[PDB]
Amino acid sequence: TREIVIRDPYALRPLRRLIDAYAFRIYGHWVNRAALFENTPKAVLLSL
Amino acid sequence: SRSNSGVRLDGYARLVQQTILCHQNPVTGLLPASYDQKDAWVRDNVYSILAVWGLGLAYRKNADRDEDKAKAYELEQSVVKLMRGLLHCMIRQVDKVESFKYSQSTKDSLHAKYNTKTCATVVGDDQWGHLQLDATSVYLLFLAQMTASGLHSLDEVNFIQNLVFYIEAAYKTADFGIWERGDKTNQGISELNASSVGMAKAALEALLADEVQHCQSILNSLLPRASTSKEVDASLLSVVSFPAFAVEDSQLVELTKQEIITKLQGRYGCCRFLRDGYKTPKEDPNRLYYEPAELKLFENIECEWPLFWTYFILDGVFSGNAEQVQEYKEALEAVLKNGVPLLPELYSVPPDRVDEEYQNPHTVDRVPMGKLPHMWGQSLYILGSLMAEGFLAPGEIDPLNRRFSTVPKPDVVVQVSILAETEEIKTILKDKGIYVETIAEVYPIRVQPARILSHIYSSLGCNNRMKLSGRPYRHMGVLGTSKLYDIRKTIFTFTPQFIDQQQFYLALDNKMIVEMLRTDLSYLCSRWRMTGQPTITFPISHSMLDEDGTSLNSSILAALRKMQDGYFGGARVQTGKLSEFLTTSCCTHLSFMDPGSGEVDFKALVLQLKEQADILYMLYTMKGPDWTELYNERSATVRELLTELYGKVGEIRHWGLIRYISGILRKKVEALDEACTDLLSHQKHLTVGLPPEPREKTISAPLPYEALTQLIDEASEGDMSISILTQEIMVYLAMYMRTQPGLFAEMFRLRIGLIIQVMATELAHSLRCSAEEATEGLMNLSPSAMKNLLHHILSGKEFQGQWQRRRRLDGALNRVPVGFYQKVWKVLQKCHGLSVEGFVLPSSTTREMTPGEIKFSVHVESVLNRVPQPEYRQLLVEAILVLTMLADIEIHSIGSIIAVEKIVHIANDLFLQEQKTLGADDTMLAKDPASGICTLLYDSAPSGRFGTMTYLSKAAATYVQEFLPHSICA
Ligand SMILES: C/C=C(\C)CC/C=C(\C)CCC=C(C)C
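Which chain is which? The protein sequence lines are A and B, in order.
Using full-length UniProt numbering, the letters of the first sequence correspond one by one to residues 329 to 359, 366 to 382.
Using full-length UniProt numbering, the letters of the second sequence correspond one by one to residues 3 to 154, 158 to 212, 231 to 359, 363 to 622, 758 to 771, 778 to 794, 796 to 967, 1051 to 1221.
Worth flagging that the hints you see were computed from the coordinates, not collected in a lab.
Be aware that one or more of the hints could be misleading.
[Claimed, not checked] Some chain A residues judged to face chain B by a derived CB distance under 10 Å, without partners named:
#, residue
1, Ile-332
2, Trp-358
3, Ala-377
[Unchecked claim] The calculated EDC-like cross-link candidates involving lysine to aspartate or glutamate, where the alpha carbons are at most 20 Å apart (straight line), are:
#, chain 1, residue 1, chain 2, residue 2
4, B, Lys-1167, A, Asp-336
5, B, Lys-588, B, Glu-382
6, B, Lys-1153, A, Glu-331
7, B, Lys-352, B, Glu-415
8, B, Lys-40, B, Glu-185
9, B, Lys-835, B, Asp-887
Where is the CB? At the ideal position from N, CA and C, for every residue including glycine.
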């Protein structure tokens, strides 16, 4: 429902699978394949 | 043979006589299209005589008695009469062949229609859109085939070779098409149809291989698509199959046939192309053109032509088959006069039944209209029947073995002769181990530059009696300058183009020459489909030696040693003396060559020049623009010392200077129109300047060298050192598309300015420096070093900040995802259009663009990819695809043109709030001085809870919330 896409698109599974697949279609020429994934906010990232 | 095979042959004789030969004019031999259309089309006449030629061949393979000889002779001479009549139709227009030879304009083309009673012209040039390279090419192809089958002045031979030059440049010539209406929109717009290109390739092969393989490049790039404004044309069967067989890729032929079957084939034939509307009940019969808004109307109700199923029987006979389903499905023939099949031209959805057919595709019982019988289709029907019933063989209709195109051709071994320019050079080459022969020793074989070869062909085809002036000066690529030539009984070998072209900085770099040689060898190993083995003459000049002169360049040695080893350039190479290569070479014989501030007074300001060589040059633009070929008052002019400066910096090889001097002296690459024509030959558009849109002038069609060069100059807006970069990068892209075209997949509009900017950025982060000092060190790159940068740009090879770099690399290369354009077609059905930077991609485009067109692609890439910044664009690309992603779950449609940038930005404002809270430095987020998008957003990965595409999903949902008040999502 729209509210879920606005709030947390990723958790909802069906949509995430779509998001991850779209990430690859666009960017799998750059491919652990994890580079195309960002689950850390850059702060916990740039923490070390 | 008269027991049970002569009676059926006589039955087919009655068929051809009562359908085709009854209408042949005894004066001219031409065939009128129908009772209403009394004119004679070139292509229709050529195709309609195929049944007569096949019958004559049948009759002859069994001609022993007189009567049978009489019938065979009558049929063969009817074919000869028709072709001769078409010849005098073309011969009367020798002034048009000559004019089209140099200026390939639609107003200077051979007419398609001719008066069937006088071989004259019926309508004016302006009145039919006469440019149809396929008609002239099919005429030439079947003239070659009929002659090779035994069917017989030199003046008409000269005319035929001038026609070879006429159809020679068909890979870069816009056409009105096989359907003589240009593009689908139907506004008389000349367009490049693969049908014409393939037919021209077949005609040239049957009858210079450089333009042949240029046509081959067009075919590979365009297929399975027909042209720019056509997803698929059923006329492509005339290229991937009988009669051209111009595609040697079996997979490509199968894919084109499958596309035709899946998209155009219906219950009553195959539609010519999607949204054709030639005889649909929705068109205006008395209106010649088509408004862009009525092309939708033609969808799913296009007229199905039985003519194309004759092509599907012909292939199936040419290639053995149980496609006896294409036959037995042609029960849709008019009369069972007496019982004559009378193959119709097309079937149209009955008018009342438009809605049912639209909705339920290929299902309504259509009516036959148009020509009856379609003689072009009827002749192919009779020929296919003949061939299928055993009265004919593929080898009789095709004595030139055009059918054997699809067979894999083995790699060719390019014999190369390395020739020393001088004997000292030969001595150096030997100290290093390459045993060669000097150009003097190779006598009586005479080595000449490729310019001489191009000039020699200008004397081929000349009869001044009918005012025909040879062949236009065309640059001979590696393919042309790889055969040996027998000119006046002495063998002439010609060095490749890239050696004699020493007028731009590319030739000074020996690595460049190595790279050009490698590209030429890679092109040769793949594109040589000629009798003989190709021979590249590679003379080692004095410029190819090192600084001392007692040693050879390392790069040139290494290349020569690899060639001696058999492999260089993806090609197997045999090196040896040129004398050994005579017996196994394409020794073609050229028989036409046989004889028979303050103080504005610039009085004394150049006195400062009389040693840094940079400053000496710098002053020289003040003294050029302010004071270029003007005097210096020391027996010297501004141009002279700039040339002296150019030579000095070439000797010192400080490449920044050479480039600048070249830039202010307006040095231009001679084979640059070839580079642009090659890049456009592969269905890739080009844009030439820095990225804001007006400067970046797009190149949609080939351009002559003067225009191309002039377009480059005005795209720099006077800012020097990019106008040379445009040419150099264009050349490099041409070489890389000739050698590694996979690198150029998912790329359709090469932005040279964005490419240059991304090379500067890469030189800034690799060999870390300022972006500016890097923009200046990009000048100081060797031409081969810059080509390497471009390779690495394309392939994405590396020598927390990564994702910004990628977003930049892909955006500058204008790389789109696979299926991206078709996905954009899908959202345009939902929304009323997309808006990027205020420019609108309206949904009305889909009403005249089928999703798979390379004309809709261009429409999209002109509204989206125009974005200056490299990354903003790649984000706008994501926001479109997340719009595509969420359009499926969304069940409704919105009446707004969606502004993608906002979705990008709304995601931007959603990037500050989330990252600040998860808790990140406020200064960690930095806005862009060009796009206003946080740098960390670019650095973010696509997927994830904090991925950039997820933010756009949280943005598009928060964007269409006010447009779509309610969203019953799936
Ligand atoms: C169900 C709602 C969403 C998944 C939010 C994102 C979708 C849109 C904002 C509209 C998409 C529809 C188009 C025609 C583009």
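Here's how the hints hold up against the structure:
no.	hint	in the structure
1	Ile-332	holds, 8 Å
2	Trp-358	holds, 6 Å
3	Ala-377	holds, 3 Å
4	B:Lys-1167 / A:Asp-336	holds, 17 Å
5	B:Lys-588 / B:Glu-382	violated, 67 Å
6	B:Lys-1153 / A:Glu-331	holds, 19 Å
7	B:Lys-352 / B:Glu-415	holds, 16 Å
8	B:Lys-40 / B:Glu-185	holds, 17 Å
9	B:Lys-835 / B:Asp-887	holds, 15 Å
Checked against the numbered hints given earlier, this structure breaks only hint 5.
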